[PDB]
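Given as structure tokens, the chain that follows is alone and in the form solved without this ligand.
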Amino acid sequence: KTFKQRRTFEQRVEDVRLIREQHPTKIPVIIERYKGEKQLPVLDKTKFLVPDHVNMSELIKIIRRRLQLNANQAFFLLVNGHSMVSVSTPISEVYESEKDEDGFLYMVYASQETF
């Protein structure tokens, strides 16, 4: 059901390697809705190629636009399983410290802080 359950470790490693070859300036990001989530919709896809210069604040704005949220819908985003310490960090720096061993950066979103 989740991305890690659908694709083998070997398969995830090879897809990150192909994104390095074909989209060298992009961060490979997995974005999934929290399994408990009621309010927010699901995304149109799972795997996202994020320009490596954007910061976490801008990525949140990007995901809010993709979900077509309105101003008063709450949105919380975990990176590698935990809260972001700072939204100002360039995603290239976030990737180097928070990437999975498969080479993806994993994110989860919910309408509540308590996931």
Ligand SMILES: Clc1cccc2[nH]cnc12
Given for the second form:
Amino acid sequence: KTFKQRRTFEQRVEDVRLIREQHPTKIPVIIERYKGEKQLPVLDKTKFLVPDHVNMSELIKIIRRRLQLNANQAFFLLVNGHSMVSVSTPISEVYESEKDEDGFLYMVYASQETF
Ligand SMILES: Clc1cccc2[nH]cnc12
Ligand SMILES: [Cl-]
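Condition change, the form solved without this ligand to the form deposited with this ligand bound:
Now the full complex is given, and it begins with the chain already shown.
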């Protein structure tokens, strides 16, 4: 079901290395719905190339537009299993401190602050 489950560590690593080669200015992001989530829909894909100059505040807007949410639906985004300390941080910086050992940046969203 989950990305890490579908692909071998060998396969996730080799894909991050191809994204470096072919989208060198992009951050490789895995974005997944909380497995408990009742309200928000599932995304159409799992793997996103994010421009490395966008801050986390702008990534949340992007995903809220991809889900086609409206202004009073709630949305919470975990990065590497934990809350974001700040939405002002550029994704290139977040990536360097929160990336996984396979080289993807893992994110999970829910309508409740409790995942
Ligand atoms: Cl949801 C989302 C996050 C980052 C970048 C994206 N491009 C298209 N959709 C995107
Ligand atoms: Cl690029």
